[PDB]
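A single chain comes next, written as structure tokens; it is the form deposited in one PDB entry.
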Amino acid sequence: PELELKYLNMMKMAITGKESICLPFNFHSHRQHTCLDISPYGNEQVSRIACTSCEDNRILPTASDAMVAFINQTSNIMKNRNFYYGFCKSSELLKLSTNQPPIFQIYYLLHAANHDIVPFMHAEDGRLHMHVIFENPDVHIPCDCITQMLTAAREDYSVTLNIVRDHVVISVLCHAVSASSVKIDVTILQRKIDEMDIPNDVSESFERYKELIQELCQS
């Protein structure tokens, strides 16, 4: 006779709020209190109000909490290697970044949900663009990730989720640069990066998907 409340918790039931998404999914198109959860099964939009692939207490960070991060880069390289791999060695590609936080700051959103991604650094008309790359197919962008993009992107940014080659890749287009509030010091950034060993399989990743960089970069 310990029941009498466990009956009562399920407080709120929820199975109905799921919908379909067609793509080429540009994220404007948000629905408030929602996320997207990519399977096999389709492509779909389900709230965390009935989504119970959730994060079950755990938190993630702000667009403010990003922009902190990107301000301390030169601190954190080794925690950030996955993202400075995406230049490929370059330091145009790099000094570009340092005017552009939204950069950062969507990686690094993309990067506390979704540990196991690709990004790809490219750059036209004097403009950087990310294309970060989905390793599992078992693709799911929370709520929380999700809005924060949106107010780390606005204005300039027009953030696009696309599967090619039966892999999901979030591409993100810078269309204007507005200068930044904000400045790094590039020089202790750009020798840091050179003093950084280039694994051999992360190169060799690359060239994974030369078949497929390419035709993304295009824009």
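In this text, the rigid core denotes the largest set of C-alpha atoms whose superposition between the two forms falls within 1.5 Å. Numbering follows the first chain given and starts at 1. First, how it differs from the form deposited in another entry.
- Residue displacement note: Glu19 has its CA displaced by under 2 Å between these two forms (rigid core superposed).
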Second form
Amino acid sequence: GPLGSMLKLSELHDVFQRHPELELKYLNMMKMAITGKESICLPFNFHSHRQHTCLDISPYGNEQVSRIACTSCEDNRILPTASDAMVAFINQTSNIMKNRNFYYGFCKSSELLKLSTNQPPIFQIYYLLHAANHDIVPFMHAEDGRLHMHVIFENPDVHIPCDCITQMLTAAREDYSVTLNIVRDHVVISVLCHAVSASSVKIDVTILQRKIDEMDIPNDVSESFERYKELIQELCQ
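What's the form deposited in another entry like, now that we've got the form deposited in one PDB entry?
Shown below: the chain alone.
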């Protein structure tokens, strides 16, 4: 308190000579970050994203935060990679219920679905976001035979972890653009496909399409999704 409020580090050096044992102790101690935050201007395109920086959307500010300074994140936890996301894309038909939420976004359209099986980064990006934040709702739409996606965050306070983004950009690179934006107080990540490159894998469209048709859409899901579909249509136009 009283010493702490008064001493500058230019005065501690003659003191650390007498006590070199306490220097390391002093150095390690200073680990509570105060800086590493900055505002972000919407719509926030992810080419503007600063490397190794989480995003924090909240009533207390839409701001990017450095990973060392980030306290909402959890040091112990391991988030998947774009490669894990690809493996998940490959094994879709084994995890239909897990990924129920992703399939609802197609709104029972088999054309939009067939496009997804030619465009892995769509599933990948969903998979990657979902692992970070389970409370998201994707909506799929197509233009010129290219699948695009909008991912709505259900909650108003949204924290996008740093490594979740790094992986996103890996799955999205060159062909896609990603933009974060708020609409009607909700966060919406927009993934735009510029070009459909060749996929070197082939997902069994039939067993996927047929198994998706069989699923029932719950009324909680239906009514919640019903609310959100409008929100996107208002941001588009």
